[PDB]
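Trainee: For reference, the chains in residue letters:
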Amino acid sequence: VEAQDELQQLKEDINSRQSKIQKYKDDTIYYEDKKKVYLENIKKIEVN
Amino acid sequence: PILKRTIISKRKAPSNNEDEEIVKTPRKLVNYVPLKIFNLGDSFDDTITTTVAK
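Protein sequence lines correspond, in order, to chains B and D.
If you're matching positions, the first sequence starts at 817 in the authors' numbering and goes up one per residue.
If you're matching positions, the second sequence starts at 87 in the authors' numbering and goes up one per residue.
Note that these hints are calculated values from the structure, not bench results.
Misleading hints may appear alongside valid ones.
Said to hold, decoys possible - For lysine to any residue, the following SDA-like pairs were computed, each having C-alpha atoms within a straight-line distance of at most 25 Å:
#1 B:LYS851 / D:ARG113
#2 B:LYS851 / D:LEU115
#3 D:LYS114 / B:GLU848
#4 B:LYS836 / B:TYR847
#5 B:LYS860 / D:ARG113
#6 B:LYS852 / D:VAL116
#7 D:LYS114 / B:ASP849
#8 B:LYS860 / D:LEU121
#9 D:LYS114 / B:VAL863
#10 B:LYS859 / B:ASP843
#11 D:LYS114 / B:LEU855
#12 B:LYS850 / D:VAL116
#13 B:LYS860 / D:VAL119
#14 B:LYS860 / D:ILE134
#15 D:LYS114 / B:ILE858
#16 D:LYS114 / B:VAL853
#17 B:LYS859 / B:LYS836
#18 B:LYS859 / D:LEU121
#19 B:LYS860 / D:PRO120
#20 D:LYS114 / B:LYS841
#21 B:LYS860 / D:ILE108
#22 B:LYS859 / D:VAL116
#23 D:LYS114 / B:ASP829
#24 B:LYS859 / D:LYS122
#25 D:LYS122 / B:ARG833
#26 B:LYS860 / B:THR844
#27 B:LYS852 / D:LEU115
#28 D:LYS98 / D:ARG113
#29 B:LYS859 / B:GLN838
#30 B:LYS851 / D:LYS114
#31 D:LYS110 / B:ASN857
#32 B:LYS851 / D:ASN117
#33 B:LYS850 / D:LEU115
#34 D:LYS114 / B:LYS836
#35 B:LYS852 / D:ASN117
#36 B:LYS859 / D:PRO120
#37 B:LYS850 / D:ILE123
#38 B:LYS841 / B:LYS852
#39 B:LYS860 / D:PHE124
#40 B:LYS859 / D:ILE123
Modelling step: build the complete structure from the supplied sequences, incorporating the hints.
Mentor: If you want it as structure tokens, here you go:
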């Protein structure tokens with residue numbers, strides 16, 4: 817029963833962690849989009 | 087007398103020179119547009135006077 821409880825809690829935690837990884841990947845994609853917008857602003861400042 | 091009141095401007099005569107729009111109009115996040123090629127000055131041309139100095 818202890819092993820079953822540990823396995824279930826670990827499985828839930830790792831599923832949450834994988835979902836945390838996918839949301840972190842989405843957040844990094846959003847950060848990369850913000851960085852691309854900042855680079856576009858930097859290029860406009862550089863041309864000015 | 088009449089001259090002082092005519093020269094002076096009543097604060098009530100205008101609407102305190104109210105601006106357009108309730109809040110300030112929005113602007114672009116960078117919008118630098120440096121320009122400023124000429125700052126005042128201008129008037130008499132520099133090339134002609136430079137030739138005159140030569």
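Trainee: All hints, please: hold or fail.
Mentor: Okay, the hints, checked on the actual structure:
1. B:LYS851 / D:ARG113: 21 Å, holds
2. B:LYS851 / D:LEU115: 14 Å, holds
3. D:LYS114 / B:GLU848: 21 Å, holds
4. B:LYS836 / B:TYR847: 16 Å, holds
5. B:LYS860 / D:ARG113: Since the Cα atoms of B:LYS860 and D:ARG113 sit roughly 16 Å apart, the hinted pair holds (cutoff 25 Å).
6. B:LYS852 / D:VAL116: 15 Å, holds
7. D:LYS114 / B:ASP849: 18 Å, holds
8. B:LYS860 / D:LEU121: Distance ~14 Å between B:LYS860 and D:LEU121 Cα, so the pair holds.
9. D:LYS114 / B:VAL863: 16 Å, holds
10. B:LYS859 / B:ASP843: 24 Å, holds
11. D:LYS114 / B:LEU855: 16 Å, holds
12. B:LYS850 / D:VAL116: 15 Å, holds
13. B:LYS860 / D:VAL119: 10 Å, holds
14. B:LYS860 / D:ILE134: 37 Å, violated
15. D:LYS114 / B:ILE858: 14 Å, holds
16. D:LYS114 / B:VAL853: 13 Å, holds
17. B:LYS859 / B:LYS836: Measuring from Cα to Cα gives roughly 34 Å; hence the hint is violated.
18. B:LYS859 / D:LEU121: Status holds; Cα separation ~17 Å.
19. B:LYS860 / D:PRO120: 12 Å, holds
20. D:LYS114 / B:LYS841: Violated - the C-alpha atoms of B:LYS841 and D:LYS114 are around 29 Å apart, more than 25 Å.
21. B:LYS860 / D:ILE108: 31 Å, violated
22. B:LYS859 / D:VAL116: 11 Å, holds
23. D:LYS114 / B:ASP829: 45 Å, violated
24. B:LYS859 / D:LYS122: 21 Å, holds
25. D:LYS122 / B:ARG833: Not OK: D:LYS122 and B:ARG833 at ~55 Å, beyond 25 Å, violated.
26. B:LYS860 / B:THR844: With a Cα-Cα distance of about 24 Å, the restraint between B:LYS860 and B:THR844 holds, given a limit of 25 Å.
27. B:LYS852 / D:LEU115: Cα-Cα ~15 Å, so holds.
28. D:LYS98 / D:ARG113: 32 Å, violated
29. B:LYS859 / B:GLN838: Cα-Cα ~31 Å, so violated.
30. B:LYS851 / D:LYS114: Within the cut-off at roughly 17 Å; holds.
31. D:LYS110 / B:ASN857: 23 Å, holds
32. B:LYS851 / D:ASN117: Between B:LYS851 and D:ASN117 the Cα gap is close to 18 Å, so the pair holds against 25 Å.
33. B:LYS850 / D:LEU115: 13 Å, holds
34. D:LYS114 / B:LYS836: Outside the cut-off at roughly 35 Å; violated.
35. B:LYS852 / D:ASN117: 18 Å, holds
36. B:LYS859 / D:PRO120: 15 Å, holds
37. B:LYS850 / D:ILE123: 33 Å, violated
38. B:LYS841 / B:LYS852: 16 Å, holds
39. B:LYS860 / D:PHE124: 22 Å, holds
40. B:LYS859 / D:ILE123: 22 Å, holds
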